[PDB]
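Moving on, here comes chain A:
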Amino acid sequence: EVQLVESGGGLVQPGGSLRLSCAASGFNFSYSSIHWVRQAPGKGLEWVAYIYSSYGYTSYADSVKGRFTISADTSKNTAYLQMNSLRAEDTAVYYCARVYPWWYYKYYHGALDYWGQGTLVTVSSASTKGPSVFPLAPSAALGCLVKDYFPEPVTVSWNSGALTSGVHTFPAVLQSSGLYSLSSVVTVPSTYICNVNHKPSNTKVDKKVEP
Partner candidate 1 sequence: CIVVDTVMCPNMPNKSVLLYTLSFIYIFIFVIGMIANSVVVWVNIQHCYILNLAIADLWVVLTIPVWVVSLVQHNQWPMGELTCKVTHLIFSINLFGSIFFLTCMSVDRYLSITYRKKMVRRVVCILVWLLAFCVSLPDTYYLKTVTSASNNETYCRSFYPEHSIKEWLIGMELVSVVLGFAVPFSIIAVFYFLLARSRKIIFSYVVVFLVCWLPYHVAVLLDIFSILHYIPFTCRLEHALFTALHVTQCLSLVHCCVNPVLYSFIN
Partner candidate 2 sequence: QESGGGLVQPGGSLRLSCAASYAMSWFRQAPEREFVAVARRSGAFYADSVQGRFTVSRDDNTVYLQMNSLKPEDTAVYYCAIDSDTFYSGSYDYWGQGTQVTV
């Protein structure tokens, strides 16, 4: 029944701003504080800030003080994190988690009971672009190199989904130019094509690999 659904995550230019929402529904929003937790793309969890829904007590992390500002609206049952002067390092998946601050003699309850499926917030000064498939002919293993594409993701299938053994699709990586890239390889004992589907650019470029 409980739910903390987020919204407002998308591409953003450096130095811009973005406002996020967390529509709590199913518990006493008056009694519970709300926290924001951000996990970079492939790194450990990091803590952003919390807010007391009713008494309006708020604290911010050392890396967001002076740029972020968390507020809440009990009548609306939502909590807003408004981010200003967003940087490149702010790319992450943001979760909002409920807490019931019970009173213990020395401390307060602070275990994040419930989390909501985060929302990606990309902060990049790039532009939409299509992939550039390049073949890796056997010198048996062969693969296609999908280079200089944006935005994520890219889906790669071999021989129109005909190969389902030995096919590797490595995670995408971000280079200096700011565009993403990934390589997909398949091993076969001594016609192979690598279908691609970059929907964010409505692109479908196929290729054939042979020496």
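The candidates were selected such that all candidates are chains of the complex that A comes from, given by their letters.
Heads up, the rule we're going with is that a residue touches a chain if its C-beta (ideal position, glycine included) is under 8 Å from a C-beta of that chain, and two chains touch if they have at least 3 such contacts; residues count from 1.
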>> My understanding is that every option belongs to the complex but just one is in contact with chain A. Which one, out of 1 or 2?
In response: 1
> Which residues of chain A touch candidate 1 in their complex?
Replying inline: 28, 30-31, 33, 52, 54-55, 57, 59, 101, 105-108, 110
